[PDB]
Amino acid sequence: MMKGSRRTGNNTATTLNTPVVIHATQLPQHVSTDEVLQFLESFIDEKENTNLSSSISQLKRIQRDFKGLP
Amino acid sequence: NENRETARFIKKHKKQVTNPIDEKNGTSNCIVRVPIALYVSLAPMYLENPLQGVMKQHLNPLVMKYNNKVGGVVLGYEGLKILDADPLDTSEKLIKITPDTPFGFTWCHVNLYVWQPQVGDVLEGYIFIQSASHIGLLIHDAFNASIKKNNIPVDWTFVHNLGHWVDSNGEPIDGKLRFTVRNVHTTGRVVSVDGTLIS
Amino acid sequence: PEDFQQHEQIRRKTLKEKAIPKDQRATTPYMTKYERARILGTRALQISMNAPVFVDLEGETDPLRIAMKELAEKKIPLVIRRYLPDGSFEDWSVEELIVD
Amino acid sequence: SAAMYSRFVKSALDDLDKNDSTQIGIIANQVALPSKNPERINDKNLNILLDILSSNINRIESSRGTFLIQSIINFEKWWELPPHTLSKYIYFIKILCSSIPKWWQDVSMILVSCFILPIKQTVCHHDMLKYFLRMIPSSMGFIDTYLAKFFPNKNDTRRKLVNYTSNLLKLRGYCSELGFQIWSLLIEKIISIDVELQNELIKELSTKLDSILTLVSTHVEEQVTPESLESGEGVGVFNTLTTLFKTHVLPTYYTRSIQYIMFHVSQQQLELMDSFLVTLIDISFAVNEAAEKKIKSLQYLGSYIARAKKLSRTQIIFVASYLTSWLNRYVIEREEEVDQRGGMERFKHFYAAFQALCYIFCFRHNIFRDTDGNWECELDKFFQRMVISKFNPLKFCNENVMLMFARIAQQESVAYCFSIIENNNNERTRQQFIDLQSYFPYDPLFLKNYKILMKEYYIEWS
Amino acid sequence: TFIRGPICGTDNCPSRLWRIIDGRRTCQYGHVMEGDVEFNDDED
Amino acid sequence: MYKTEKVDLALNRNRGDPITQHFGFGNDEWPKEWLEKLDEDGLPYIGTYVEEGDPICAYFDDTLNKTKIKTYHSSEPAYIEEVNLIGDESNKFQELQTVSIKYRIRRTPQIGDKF
Amino acid sequence: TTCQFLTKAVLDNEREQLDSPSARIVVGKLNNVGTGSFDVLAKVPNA
Amino acid sequence: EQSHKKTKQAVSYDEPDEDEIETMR
Amino acid sequence: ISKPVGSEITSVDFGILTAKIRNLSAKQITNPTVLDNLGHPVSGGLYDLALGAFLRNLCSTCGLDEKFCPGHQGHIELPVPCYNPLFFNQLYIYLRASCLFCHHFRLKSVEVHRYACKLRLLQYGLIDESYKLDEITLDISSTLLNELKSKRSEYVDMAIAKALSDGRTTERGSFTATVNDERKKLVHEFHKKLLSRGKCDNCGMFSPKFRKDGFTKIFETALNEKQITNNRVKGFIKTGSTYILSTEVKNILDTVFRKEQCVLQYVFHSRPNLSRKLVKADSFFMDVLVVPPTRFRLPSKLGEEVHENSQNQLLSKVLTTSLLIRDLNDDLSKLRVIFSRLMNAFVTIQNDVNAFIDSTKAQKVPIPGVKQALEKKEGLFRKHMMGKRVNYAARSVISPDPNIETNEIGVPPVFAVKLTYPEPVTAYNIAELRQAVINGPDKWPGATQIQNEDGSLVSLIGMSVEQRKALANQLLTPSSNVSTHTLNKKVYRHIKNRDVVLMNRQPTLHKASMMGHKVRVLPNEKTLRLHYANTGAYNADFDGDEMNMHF
Amino acid sequence: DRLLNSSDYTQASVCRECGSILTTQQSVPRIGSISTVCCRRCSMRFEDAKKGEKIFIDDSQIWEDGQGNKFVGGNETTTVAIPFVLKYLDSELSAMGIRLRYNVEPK
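Chains as they are written, first to last, in the deposited numbering: chain V, 1 to 49, 80 to 100; chain E, 8 to 95, 99 to 171, 214 to 251; chain D, 55 to 154; chain G, 48 to 248, 325 to 551, 581 to 614; chain Y, 3 to 46; chain P, 803 to 917; chain Z, 1617 to 1663; chain C, 1372 to 1396; chain B, 3 to 22, 24 to 141, 172 to 270, 309 to 406, 417 to 444, 450 to 637; chain U, 1090 to 1140, 1148 to 1203.
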């Protein structure tokens, strides 16, 4: 049978793709409103000094999120 | 013998921080920053550029997705700092090569701005569509909730013209709408949100 | 929560109590045939995975002999951790070691 | 019939309350027949069974109620239905995948897979797939994987490919936000066809490319255009081919007939003819490269100029102005380092550049002719030094193009190097250094069909 | 010498079988999918 | 190096199991090009170069209805010097079920052969 | 006498430490006699 | 004797065939 | 090695499985007969499809095919516990030190506390303070025993917190060879004293002796008239060698292990016990076997016929008895004759599972139980773990040659077209890998198959000169997945003149009998070919010797 | 390279909580979702949904077998590199009622 064997071509859930273990080190602190603006406005310019540019406009779909024309 | 084993069942499903109903708009606040610690690889092609080499392999495939270890939807990060394996701060940090491979593993702290819905929240999203089956929403331009019929107040009907909604106002209603949150889903690659329109 | 953090801070206090500091290192200044056969091993397994190279490689396709060309000219970014048997260690570099 | 078949399905609709699921696999089997299987459901009951579920919705989301949704997904040939049924079945999927945003995992597998079918057949699929991408912006990530799976195999028919490559560029035309994973998906899989003919030079993989690469050149002309290149998405097209050029198509040894696309794009405006060539210098003169790319880029540059009909007649000059500037920035340092203990293979970067500079003059020399007949920075003193320099670059370049040089410089009076090429009697890592110097990337296309387009942008051997 | 069975996967070929050295079997287009060890075992 | 090899089919029966598998071909398929190496009744032409993989007899059974063959199994290719047809002792109408075949493996002095 | 040495190790409830090479190979860990008696750590130059 | 031992190195003895095994059994 | 492993194993903790196999495995087994008609395995018997896929089915638990399921376990519900034939040496001794009337040990509760409180010290890295506990020894009142052990236990609480505040121990304790020496000496003397005694000495209330056989029956001896007089004047103020049902030993032992938890807390634990997992009676009895996965239990063959499996024949008799110890229960439920077979059933059901594990403890040559495949040079642990067979290796007859280097080995072209090696493609070795893949697996500097980025392989055997050249020009084409931007294409080249190979004469006494050479491929030859001067280190003579060339 | 990397060289899945091997299982998903590895003796089944006021499952622990039972918990497995014969050794010792609690430490 094939569909149990083409899982090995579809999944690709490697250790290069995911970290081994993520642990929260502290309890989550609810942020305010304006710093979510003040984060995301500075988050977009990260890799913008390749791929990741289908996701850059996904990151630039985060751009419009609070000040555009929804 | 039914006390000492329940210390790890409830305490794990006791989800740690709730969502406060703040901002005096009625809405509950779900965007939240949590510091964490990862454990990632670092490929030898990035062994000169360890900043990009962790952002591109383990963080960039994690943004705008659900994560089962923090409970939220990862919106972003700032503060990716590799812990040095030399307990000397400095710029020439060192990590440990594995024995069987040329890949090195290391610890990293980061601050993930997760988006954290639970039941009992108060959320608002733009109405995407509406039928006599549900009302589809756009929570913050990207998330979809869908209040189905058996949780709608059953006063409110639906006129067909693909049609428009009939409330007690009798209005084809616009985007912005308040509801209350039922079981948030985790199942598909798409994060389904589910809610109720009872008040 | 912090039962990871209480589990973490103990380790980094443990890992700091075993690094013998650099002014107090007390092992050989030599590359004792076992660093040398493994530093050349692992570095040759980095050039096969597109590590950045820092020498005028002269048509030398052989991935092992490229690392020897950087070993005799001291361009290797490695650090040897030599475990003394209680768990303590001395993080020698590759520059400060002296080859045979 | 319609007064009876409409409450007929209400039995199996209420068979979830009875929790038996008895008449489910009678109804849901009956719709799951193919078109040839003659007892399948008709258009009249299809209007019946759909509209019961579009208003009674809460009672299908069951482990036994899951099956009939799959049969709606397995309902083939819905893109051919009558429009009172078509718009009723288009409307159903918009309320199936919106009450539950878990089925768009499942349904869109069919929508990408049907794109083998031609463009006037598939106007309605992208009508919906644009609408759900607009619905769920975090749904690019798994339709990312679907386009990689359902690109056709190389040995499929051309109608499965050139309709698909048009049913794929159609998607980018209303979503540039995907963008990069489109050109990466084609160009990587163009080379899967393209490189399999330079080993052969049967006609199967000939015309597979002349349908695709015709269509890509036409579909890119719709985007390399001053309505876009100055104000639209042509910047997003050119800068996603440029970072696709130097990543994919440059480290392919010996691939004919793909670098014509970047030739066909970077030829429409003087902005693009002076952005690409100031980019290709940046590869070919930095220390940040492995030397085998710096050989190939200059080798790519040398047969670019003399094999391009549409450039300006001062864009020719600045390339050769810099390319003579580097060879005389070269004079101070490595022209007395020759006679030390080493080899002539130290200067691989030099001779391949001077080869590529000689190929400028071989088929573009009269542009360098000024009013009088003098040359740019006295090329009977620049070349006439490097003819008799301490490298003998007449010997270490290609034998063919150096033969063309003296058999032109005889009849042009710039050099007299036929004596020195004759002066190589007794003295005359090498085999893979021949093979770069004979790789002219802009040879004429042997394929009979696309040069009809390139009969206007290209200089021949004449 | 060919012995017939089901078709192959990979969305390439329906090819049939032939044997390889002593522990497995291939096809003529090379595709081998898992579940083939002959139930390799002992004697006595 | 001469080398012989019994072939018998009366080893998977009782005293009175009715005769099931016969030498020679049958029907109901094509015997796939075996007449390069085999003769008409499930025997090889004596003097034929075989290797491993080649069929050496075509026994046709009657429960399975199939023209089955068996393989010369060694690493060195050979020839055939004799193929006997062994008689039977019990009666005068039971068919042949026992065939011995004399091979031959030539051995030149290769590198390593001890004198 | 393998399971002779197991019963007086099971009833010891013993943490095997995986450092003798006849035990370290059984879990497949890198042998610590020679080139496994130290660990190689890579120094990334930039931040 | 160095034929079957050359097919597999099994040049030991099953029994001890020695005086030192008396307190060993 | 393009797939790096993350987490590793540092330390293996032993332990005894509980009665909580029910939580992990809900695949309990009732049917003894497995291979039904039409060639199928039964659902519920020993070859269930919930114990992994079997003969091209789906696993009822994994849902995967034949070779992607790991396999699953299952439990066989015995009606009663039956004592484990490994641990019978350490329950028979704990039965002989026992009394059913005081439910303590026969030794005194100050003698028993004296040995246990030493064993608390000897699970820390201290032996000097262990022999200082015998410095406190001062018709004995209850005032000398509320107060003596109040001082001994005080001293150990002083000594550990002294040592733990020092670096002489950790929280996880210190355990070295000499401390292990000083620990087994007490326990072998602790099990010297408690085994032989006259009475329980909390009282006069004592129990009569016990008596075993070859790991099957337990016989409680009756009493002599010397001692009927004792228990009737102290406990209040048929024949010998009777059979005892096994579940009453479970009532003996578990009332001991909760009275004397504390002494047996330190006997069965050599590290300091942190999580205080208590010593119980499931450490010695077995309510359930586990059932190994079907993949680990497959038939063999003789001639053409695939014969009977060896594990299941041992595990049929245990399960056919499980019905017949249950079918016979209904007759005694219906109210003699039937006691003599139910009690015959309990004797054989212990001897059933005793046949299952250790074949030397049950009735030409019997079937090897699970210990029997583990204890010799032959068997498992010395043969398939210390002595693993390898991939990528060859052997031949060797031959002499002076005309090569002394540090070389001359290799035939038969071996030069077989042994591959993964060469990752990069910017410098692409030129000697094109000429590899252009040649392919018949021209000597060639390649047999190439690995793509995803992990899939592409063979090169069937192709021709064009398709290889089509694919030999696509090596440094990166692919458009996000996971595999790093993992470059490993070409499997043939071995060449620059690889290094190992050599191995088979009696390998000294370390110079397995050295490393460089490879020189020689055409027109058939044997491995070595220089003369490297016969000093093997003492192999060039007339019929075999050398295993590992790579 | 002669007792792991060419003998068997498997990457099995090991639960980090219980430290076993044979109690892991790659689950059966809803076919829209994606299968994953789960530990069995660390998880208790969905019938035991027993309830600061309530313990409603966040669905990131619910996973269902090849039969139809649903289990809660039993995650935090990872991929280590054992020799494959070690997996055989556990089942030969699990038949003796004896477990091997692998302390897979980097967490």
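The set of hints was computed from the structure by calculation and includes no laboratory data. Among these hints, one or two may not hold up.
[Unchecked claim] Beta-carbon label-pair distances, calculated as ranges: (1) E:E102 to V:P100: 42 to 48 Å; (2) V:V31 to G:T204: 54 to 60 Å; (3) U:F1152 to B:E319: 43 to 49 Å; (4) G:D64 to Y:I22: 28 to 34 Å; (5) P:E884 to Y:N42: 21 to 27 Å; (6) D:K70 to B:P452: 55 to 61 Å; (7) U:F1152 to G:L133: 39 to 45 Å.
C-beta: ideal position from N, C-alpha, C; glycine also.
| At the C-beta level, are P:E884 and Y:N42 separated by a distance inside 21 to 27 Å? | Check failed, 36 Å falls outside 21 to 27 Å.
| request: Note whether the CB distance of U:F1152 and B:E319 lies within 43 to 49 Å or breaks it. | output: Holds, at about 47 Å.
| query | How does the Cβ-Cβ distance of U:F1152 and G:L133 compare with 39 to 45 Å: does it lie in that range? | reply | 43 Å, holds
| task | Please test the hint of 54 to 60 Å on the beta carbon pair from V:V31 and G:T204. | result | 56 Å, holds
| field | Whether the CB-CB distance between D:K70 and B:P452 falls inside 55 to 61 Å | value | Since D:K70 and B:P452 have Cβ atoms about 60 Å apart, the given range 55 to 61 Å holds.
| task | Evaluate the given range 28 to 34 Å for the C-beta pair formed by G:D64 and Y:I22. | result | Given range 28 to 34 Å: violated, Cβ gap about 58 Å.
| Pairwise beta carbon distance, E:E102 to V:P100, judged against the given window 42 to 48 Å | Between E:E102 and V:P100, where Cβ atoms are some 47 Å apart, the hint holds.
The structure fails to meet hints 4 and 5 from the earlier list, while all remaining hints are met.
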